[PDB]
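The form deposited without this ligand is given below as one chain in C-alpha cells.
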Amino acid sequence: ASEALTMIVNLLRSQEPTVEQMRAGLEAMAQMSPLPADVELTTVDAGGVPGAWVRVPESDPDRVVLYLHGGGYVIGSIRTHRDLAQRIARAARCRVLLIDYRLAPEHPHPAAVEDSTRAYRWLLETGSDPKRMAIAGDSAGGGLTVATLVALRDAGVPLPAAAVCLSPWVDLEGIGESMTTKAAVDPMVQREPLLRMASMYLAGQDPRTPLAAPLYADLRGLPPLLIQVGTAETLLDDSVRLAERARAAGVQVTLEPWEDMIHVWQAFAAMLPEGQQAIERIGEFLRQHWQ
C-alpha cells in the first residue's frame, strides 16, 4: 500500500476510556478535518431525528444519500462524519443527509433503527424518489444500513436504488475468523472494545437479534449493495459473511476487499490516496445505480 498508510497507522497506534471520553475524543479528532469552503451544511429536523444536509457545487439536488455514521452505536455525530459525507456528495454528485440517530447506552437497540427508518420515511414524505436515493454507512452505520433496509422492506416502504457499507459491523459477538487472524494487523478494532459497545447497544437483548446483527436478518429483496472492506481488518469476515448472506438471498452484491486497508480507511482520504480512490468508487457505484 501507499507510504501514507504508515502515517495513519502511527496516529492510530497512540491510543479503558469512558463513553463521554470516547465521544469527546472522536469530536476532537474531527476538528482536524478542515470543511472545504464550497460545502453547504443545513441543519434540519428529519421527521423527529436531528439531521444535516451536506451539498457541494456539483450535487444533483434530486439525488440523496442517507448517511449513517459509525461509532459502535455509542459514539459519533453529524460533525464527526461530515468530511466523509461531503467527499461522498462530491464523488456521487448528490446531496447527503447525515442523521444524529439515538446512541447507546442512553438509547439502546432498536432506537438507532427507529431513527434511520424515520429519516428515510421523512425523505419520501418531503418528495425524495427512491430511484434517486441510497443508504450508506460505516462500521456500526454499515450494519445500521442493512438493518434499515430490512425494516423498511418489512413495513412495505419502497427501497432505495442502492446501498453502501464501509467496513460494516454485522456480528455483535465477534466470532468471525478475521477477529482472531487479523487482530495482529488491525490498529483500530479489537474484539474487546467491540463487545463493550455491543453490550451497550443490546442492553441484554440477544446478540443475534436480526435488526441489531443483520448477519441473522432476512436480506431477500434488498437493492444492489457495495461492501468496501480492508484486508487488515478484524471486521473483514463481517463483510465476507454479509456478502455470502446477501448473495444467497438473491441481492446483487459487490464485495471490494482493499488489500492492506484498515477500518474505514475512506475517513483518512485527505492524506490516504486509497481513501480518496475508495470514495471515487462509491461515487461511481451510486451514479451507476441512479442511471
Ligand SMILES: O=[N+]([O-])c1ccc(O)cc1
Given for the second form:
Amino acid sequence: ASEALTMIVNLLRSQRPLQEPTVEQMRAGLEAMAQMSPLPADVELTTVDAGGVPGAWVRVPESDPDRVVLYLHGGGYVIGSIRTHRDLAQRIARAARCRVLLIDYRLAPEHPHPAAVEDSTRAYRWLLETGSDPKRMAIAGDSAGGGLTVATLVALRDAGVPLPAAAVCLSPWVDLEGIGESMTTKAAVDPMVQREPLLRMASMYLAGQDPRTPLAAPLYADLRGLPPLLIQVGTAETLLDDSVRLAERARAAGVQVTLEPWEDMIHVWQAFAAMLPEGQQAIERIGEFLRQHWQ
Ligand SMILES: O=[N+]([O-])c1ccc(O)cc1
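What does the same protein look like in the form solved in complex with this ligand, given that the last one was the form deposited without this ligand?
Zooming out: every chain and molecule, the one shown earlier first.
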C-alpha cells in the first residue's frame, strides 16, 4: 500500500472516533475530523426537504442534472451527518458526473430501527415523485450506510417501487452481531472498527429487536431482484467478512455483484482521498461503475 496509508492509520489510532465515551462526543469527534478535508470552491450545496427527510443536493461543474445518487452516510446508525459526508458526496458526484442527494436520515439511539430505512425509502420515493428516472439513479453508502443501501433496495422492491440502475456499498455493515471470522482475525490491523463499538452502536439502533431483523441486518434479507451492486472493502478490516458474506448472499439471489477487496485498505479509506491515493483511485472506480450502468 501507499506510504500515505501509514499517515491515515496513525491519525485513526489517535482519534479513535468510535471509542469516544458518549454519543455526543462520538458525533462531535467525527464532525471535527471531517472539518479537516478542504471542500472545493466549485461544490454547490443546496438544502432541501426531501419529502419530509432533510437533505442536501451536492453538485459539481460536470454533474449531469438528470443523474442522481441517493447517498446514505455511515456512522453505525448513530453518528455522521450531511457535514461529515459532504466531501465524499462531492468526490462521488465528480467521478460519476452526477448530482448527489445526501440525506440526514434519523439516527439512533434517539430514533431506532426502522427510522433510518423509513427515511431512505421516503427520500427515494420523493426523488421519483419530483421526476427522477430510476434508470438514471443509484443508491450508495458507506459502513452503516452501505447496509442501509441494501435494506433500502429490499424495502423499495417489497413495496413495488421501481429500483435504480445500480447500487454501491463501501465497507458495508450488514452483521449487527459481529460474528464474521475477520471480526477476530483482522482485529489487530483495523485502526477504526472493533467488535465492542460495533455492538454498542447495534444496541442503540436495534433497541432490543432481533439482531438478525432483515432490514437492520441485510445479511438475513431476501436480496432477489436487486440491481447491479459494487461492494468495495479493505482487507485490513474487521468488516471484511460483512462484504464477503453480502457478496455470497447477493450472488446466491441472482444479483449482478462486483466484490472489490482493496489489499491493506482500512475502513471507508475513500473518505481519506484528499491524502490517500487508493481513496481517490477507489472513488474513480465508483464513478466508472455508475457511468457504465447509466449507459
Ligand atoms: O462506520 N460505521 O458505520 C460503523 C461503526 C461501527 C461498526 O461496528 C460498524 C460500522
